[PDB]
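In the form deposited without the named molecule, a lone chain appears below as structure tokens.
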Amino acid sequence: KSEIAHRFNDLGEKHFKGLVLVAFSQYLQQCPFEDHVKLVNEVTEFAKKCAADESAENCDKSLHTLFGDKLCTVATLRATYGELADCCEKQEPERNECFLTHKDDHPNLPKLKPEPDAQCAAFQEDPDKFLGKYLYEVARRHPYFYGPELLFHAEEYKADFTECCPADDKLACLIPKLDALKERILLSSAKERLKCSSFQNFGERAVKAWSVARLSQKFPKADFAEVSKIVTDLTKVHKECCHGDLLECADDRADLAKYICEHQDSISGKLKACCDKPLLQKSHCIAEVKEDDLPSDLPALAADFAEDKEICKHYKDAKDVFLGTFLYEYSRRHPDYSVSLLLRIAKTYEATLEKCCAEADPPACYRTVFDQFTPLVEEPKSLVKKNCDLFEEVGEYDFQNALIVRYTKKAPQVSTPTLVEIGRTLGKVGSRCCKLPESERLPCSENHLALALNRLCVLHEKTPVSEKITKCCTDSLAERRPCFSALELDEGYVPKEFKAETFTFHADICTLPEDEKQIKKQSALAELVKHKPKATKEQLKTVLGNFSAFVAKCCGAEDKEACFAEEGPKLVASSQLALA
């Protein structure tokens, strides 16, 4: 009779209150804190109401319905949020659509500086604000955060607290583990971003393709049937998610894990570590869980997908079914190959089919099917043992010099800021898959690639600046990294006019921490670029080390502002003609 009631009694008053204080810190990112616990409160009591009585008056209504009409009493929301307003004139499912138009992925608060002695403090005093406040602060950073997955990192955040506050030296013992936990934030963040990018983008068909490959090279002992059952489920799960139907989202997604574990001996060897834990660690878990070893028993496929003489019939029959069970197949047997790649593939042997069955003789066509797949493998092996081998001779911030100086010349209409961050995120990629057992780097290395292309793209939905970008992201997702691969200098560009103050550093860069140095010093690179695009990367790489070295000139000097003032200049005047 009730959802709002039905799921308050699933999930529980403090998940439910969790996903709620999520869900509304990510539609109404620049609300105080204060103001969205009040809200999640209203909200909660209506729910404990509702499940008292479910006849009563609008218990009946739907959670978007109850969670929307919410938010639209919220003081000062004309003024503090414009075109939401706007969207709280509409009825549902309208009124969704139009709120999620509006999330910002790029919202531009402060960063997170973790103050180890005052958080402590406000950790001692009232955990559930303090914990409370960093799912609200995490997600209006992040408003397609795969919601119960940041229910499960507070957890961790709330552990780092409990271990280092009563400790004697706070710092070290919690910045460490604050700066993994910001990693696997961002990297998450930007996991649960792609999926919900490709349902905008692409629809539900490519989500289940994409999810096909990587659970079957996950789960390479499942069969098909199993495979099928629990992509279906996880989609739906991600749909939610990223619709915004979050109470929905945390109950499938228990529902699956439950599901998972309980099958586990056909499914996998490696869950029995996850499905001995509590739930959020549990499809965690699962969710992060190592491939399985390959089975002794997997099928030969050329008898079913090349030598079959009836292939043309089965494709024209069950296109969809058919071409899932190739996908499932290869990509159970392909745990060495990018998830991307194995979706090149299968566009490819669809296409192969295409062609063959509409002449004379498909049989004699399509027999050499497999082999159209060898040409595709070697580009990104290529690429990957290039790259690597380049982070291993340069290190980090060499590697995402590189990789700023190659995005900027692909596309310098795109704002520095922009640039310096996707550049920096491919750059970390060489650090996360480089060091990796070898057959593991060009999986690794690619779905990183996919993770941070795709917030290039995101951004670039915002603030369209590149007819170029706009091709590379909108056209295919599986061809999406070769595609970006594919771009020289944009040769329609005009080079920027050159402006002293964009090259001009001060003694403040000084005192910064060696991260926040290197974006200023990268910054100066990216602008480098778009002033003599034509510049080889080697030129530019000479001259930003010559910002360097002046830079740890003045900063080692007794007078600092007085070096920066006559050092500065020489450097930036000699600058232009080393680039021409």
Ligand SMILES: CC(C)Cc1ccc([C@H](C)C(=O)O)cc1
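Numbering follows the first chain given and starts at 1. What we label the rigid core is the largest C-alpha set whose atoms superpose within 1.5 Å from one form to the other. Compared with the form deposited with the named molecule bound:
Looking at CA displacements between the two forms with the core superposed, a shift of 2 Å or more is confined, among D179, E354, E491, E378, to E491.
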Second form
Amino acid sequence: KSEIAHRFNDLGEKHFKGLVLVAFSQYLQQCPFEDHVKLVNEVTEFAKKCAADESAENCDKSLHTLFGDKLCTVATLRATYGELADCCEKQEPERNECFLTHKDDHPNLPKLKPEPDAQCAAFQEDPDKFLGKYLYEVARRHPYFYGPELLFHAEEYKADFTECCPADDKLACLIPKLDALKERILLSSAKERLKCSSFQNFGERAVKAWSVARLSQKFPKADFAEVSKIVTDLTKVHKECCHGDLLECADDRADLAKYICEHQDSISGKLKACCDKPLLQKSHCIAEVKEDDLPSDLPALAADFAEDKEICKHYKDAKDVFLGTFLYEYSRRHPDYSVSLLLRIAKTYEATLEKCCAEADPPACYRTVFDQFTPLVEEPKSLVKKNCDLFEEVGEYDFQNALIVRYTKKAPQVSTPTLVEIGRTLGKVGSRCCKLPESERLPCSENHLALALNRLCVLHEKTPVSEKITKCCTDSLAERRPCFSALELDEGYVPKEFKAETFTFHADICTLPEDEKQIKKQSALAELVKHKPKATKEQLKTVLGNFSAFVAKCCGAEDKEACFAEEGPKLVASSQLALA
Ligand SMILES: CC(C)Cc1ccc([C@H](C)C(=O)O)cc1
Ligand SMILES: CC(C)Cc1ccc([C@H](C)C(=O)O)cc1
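For comparison with the form deposited without the named molecule, provide the form deposited with the named molecule bound.
Now the complete complex, all chains and molecules, led by this one.
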């Protein structure tokens, strides 16, 4: 009778208020905090009134109608929000669709550095306002962030300040925890953005396929019936969250966490720990649960999927069912494979049956289908071994430098900051994944690589520069990494004009901390390649080494600007000759 009442009743006031604040911060990214807080408190008051009397006026209206009418009491300021003003002239569901279309992925808001003493004071004074500010600041920076997971991370944010504010040194207690939390926010955002990107670009079938593969790996003891059930429910949850239906999303996610935990005997023996936790922690634990042990009764796939003489009939009868079954069975027994590799294998299997069932003698044609998977498996295995061998030899910094050179040579039209960011990001993937057991390296590496490539594709949608990038981004999720791997330096690329100022360092760099110094030098590295794209890796390594030594010498000098002023121009001049 009243949707807002039902969601308020199911979620409770605190979670309701949290999710409405996040939704508003994601939809309305540029507006300040107190404006959002008022609209949350006003909407929650309305929810309470409706919960008391569901047959009252305006309580029967849709969440989009109510919340949209609420957003449009401040979104009409065209100066602060351009298009959102236009969206507010539309009725539903056109208005909601208009809001979704104009969500900014790279809003480019000031990066927030913690003020430990100022923050600890504000936490103790008004904890609700402080934690509200966190949800708000993260939400508008990450407009497709998984709503209920942001509440979970907000409780971790609370747990940090709670533990450290009462201590004698607040600053050095917090920094490691908030730096750690920031990493988790980045990974989590990337994970959810791929799901929304998959809905947006490829549709439901792609999302379900992806989930079937991942959950089959996670829950090998579970039968095909159980994974299909969980995938169907999980796809509806993520479909709701990606389409801005956060109260609906959160409620259905809680229902799924409940079901998994009530039926964990027929899902996984790894869920016992997860299922003794409060709502947000329980859902999070399940989402991140490690893969179960392989069952002893895994079947022979070759007999069922290559040798059976009437496979073409079974395929025609129900294609997605038969393919889903193959993906389920193949995924279960290959926990050491990446999800994109499993989907590529499934796609190859489908392609073989599509070709072979249109031929004279089908069984002879698809007899060797499993041998087509061998080259698909060896490709990523070789890449991870090559990258991990290099990482373990040269370490994170020089590994990042190798990737910045590799990637600038492939796509020199891409912006220096973006090229540096992808090189640095994938550099850290190496450090995290190459230390793991050999069997966990390939999933870790290629699953994280998929998140990095999707981030790049989402940035490229906003700011297109390269026709090659568009090609790799708009083709299938399975073929994405192969397409990016296959990218090579344009035969008719015009080297970026030399600009001495680009490679000129000043004493300002001595201010910056280590990571920021690295980014300045790694930016110069990208620029070196854009001007000299045929320059060898060792040439570029030597020139960067000379720039590093120069920066170290002049930052350690009694008169820093005199050193930079004298030595800088010499190195800029000689560097051109070294990269011919
Ligand atoms: C702590 C977090 C998990 C839930 C939560 C819910 C609502 C609010 C609002 C903004 C408020 O209390 O003012 C903050 C935090
Ligand atoms: C912009 C572009 C160069 C990004 C890009 C392209 C290819 C790869 C593959 C997986 C590799 O590491 O060789 C990663 C990132």
